[PDB]
Each structure stands twice: as structure tokens, then as C-alpha cells.
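A.B. asks: Each chain, written out:
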Amino acid sequence: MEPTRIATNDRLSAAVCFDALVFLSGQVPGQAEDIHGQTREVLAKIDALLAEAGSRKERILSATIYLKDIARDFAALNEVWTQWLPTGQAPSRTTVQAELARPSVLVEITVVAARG
Amino acid sequence: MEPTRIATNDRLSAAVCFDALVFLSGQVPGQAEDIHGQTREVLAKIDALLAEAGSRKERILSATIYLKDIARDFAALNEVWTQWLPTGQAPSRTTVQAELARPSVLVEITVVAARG
Amino acid sequence: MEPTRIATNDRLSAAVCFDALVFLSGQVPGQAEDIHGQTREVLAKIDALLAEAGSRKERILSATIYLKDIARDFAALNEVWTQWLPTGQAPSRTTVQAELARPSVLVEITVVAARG
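Chains as they are written, first to last, in the entry's author numbering: chain A, 1 to 116; chain A', 1 to 116; chain A'', 1 to 116. A prime marks a further copy of an entry chain.
These aren't lab readings, by the way, just hints derived from the structure by calculation. Treat each hint with caution, since some may be false.
Identical copies carry no separate label here, and so any pair may be met within one copy or between two of them.
As the list claims (entries may be wrong) - Keeping only pairs whose Cα atoms sit at most 25 Å apart, straight-line, the calculated DMTMM-like set for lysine to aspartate or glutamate is:
| no. | residue 1 | residue 2 |
| --- | --- | --- |
| 1 | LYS57 | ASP19 |
| 2 | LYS45 | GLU33 |
| 3 | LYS57 | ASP10 |
| 4 | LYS57 | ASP34 |
| 5 | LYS57 | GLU41 |
| 6 | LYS57 | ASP47 |
Same shape as in the complex, but just chain A:
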């Protein structure tokens, strides 16, 4: 009956759990400068937060994927994304263009998942 939080700072919590649902903050890349690397890094951060929250990649319910330049980077995003997903178990998905908080960030992904 109470939300619980993982990795809280003054602006956000990396994850909020409520009953059987896990809400992740939008994840941004690490040090990669290129789209492939950055997508890999975002997805790695998501996989770790899912684990910490009692979920897993197979239990993702929805992902919204924000690309700084969707025309330029959609193909690379899809390549890395499809490799990362568990086979036959893709979530619902929406991919749109949006500038992110820093101009060097090319990709940000926000996930909602089911706790196990």
C-alpha cells in the first residue's frame, strides 16, 4: 500500500515500486558518444534497475524511447534494442524524437515493468 524507492536524489528516484509494478526513471547513457554505444549503456542501466526492483527484462510492460534525431538513429537503436531483448518477449514500445537534457545525449529510455 506504500510506494518504495530505489536510488533517490533531490529530483528523482531511479525506480519506484508499487505493488506489482516498477516505474523506472528515464535512463541516459554512460560515457559513450555514439548511438550504438549509448543505447547499449542505457539498456545496461535499465537491466540493473530491473534486477534491483525485483523484475527482469522478460517482465517489461512498456518502453518509451526518446531519440535526439529519430531519422538518423532509429536503425542503430533498433539494432541494439532487438539484440538486448529476450527472444519472443518484446514489450509495448513507443519511439519518438525529443531533445534530452544534454545535447550529447542521443537516446533516453523510460520503462515500466512487472515485479516478479
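Use these hints to put chains A' and A'' onto chain A, whose structure you have.
C.D. replies: For chains A' and A'' alone, coordinates are given in the frame of chain A:
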């Protein structure tokens, strides 16, 4: 306790169901080139997925509506949207501008709904 | 087993409740023209809708924050946002750039929360 999926490909599932919730992938138009036609087509695709997932238009919980050109197309979007909705039963809604994966796509809508 | 609605018009309901979840429509500012004022006003509108829906600021699960100009206004948004949040209880959050329905709107925030 397990998500189920409808129309899964290598990138996404058109719908993911979990308990009493239905998460739809962002729906894009069919063959229409114009905003009115494209909005009608997106909403038709949503109505079919709601049916397949055990929901209905009256049970939509939230919609995020992405317009390639919000200044240009907000009025047309609203015309078609309000016609399509069941009377007195509009969902929560957010409408923002975002380029979609192809430049010819003017509108994309992502819905979360309650299973019946 | 049925969604309930708060403040329904022909396009949207300000809030939709379903079981223990509250889905708010994207909230836009009041009369403020500046980013600080507009953010304060959006957050005030959210706090009122949370109250009406049986929730509260401490029970927010996720927020998506849309900025017309993320480079310009991210710092001001964060200042007001962090002041408004209950201490140690920040939600999951995603902040991206998107033009809103009127050019004078600088900020719009969409919240999902847990009913108490």
C-alpha cells in the same frame, strides 16, 4: 502474475497485458496522408487492439498523443479524437509535439487501458 | 473494476482512477509567462488533482516533464520541482523537450500516482 503479449515482433508487442492493465504500443496511421485520415486510422488500430486485449474505448486510462506539428494539427486531431471517444468517458490525456519514425507520419498515440 | 473520472470534458478527464492508480492529464500553467512561475503553477494544479483523486505528493509514482526548451529551462524547472517535492520522496522522472499546444506554454507535466 505473468505478462501476456499480443502481436509480437523483434522490436515490440502491439499489446502487453498484466493483471487488469493493458499497455499498447504507440499506434501509427495506415495509408492516409492527411492529418484527419491519419488520426482516424490510428484510433481504429487502437480500438482493435483494445478489443483483442479484453478492453474497450470506455476503459482507456491514459493516452499520450504525439503530433509532428502540434500548432498545425492540434485542431484536426481534437476534431477526430472527440468524435471517436465514447460520450462523457474521455481518458486522461497529454498531447505534445514530436517527430515520429517516418516524416510522413503526422500523429502517433500510445494508450494504457483497463481490462474488463 | 470500473475507472472513475474527475473533471471530464470532450477531450479528456483531468484524472482517471482505476483501483489503486491515479492517471493525471498533462497539466499546463496558469497565467505565468516565465518558466519559474509556470512550473509552480503546473505543480499546484497537480497537487490539487492528487488530492481530489485520493492521492498525495508523497505517492507519485512517475512524472514525465515536457519542456519547450530543455537547454534553456531545465535548471529553473529543477529548482522549482525540487522545492515542491516532499523531502526524500521523489518519484521516477523523465524530462524531455517537446513543443506544447500553445507556444507560450513552456512546461507541461504528466503524473501517475498511487491512491491512498
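A.B. asks: Does each hint fit the structure? Answer for all of them.
C.D. replies: Hints versus structure:
no.	hint	verdict
1	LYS57 x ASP19	both (18 Å within a copy, 18 Å between copies)
2	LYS45 x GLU33	within (16 Å within a copy, 37 Å between copies)
3	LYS57 x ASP10	between (28 Å within a copy, 14 Å between copies)
4	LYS57 x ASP34	within (24 Å within a copy, 38 Å between copies)
5	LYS57 x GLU41	within (15 Å within a copy, 31 Å between copies)
6	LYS57 x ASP47	within (6 Å within a copy, 28 Å between copies)
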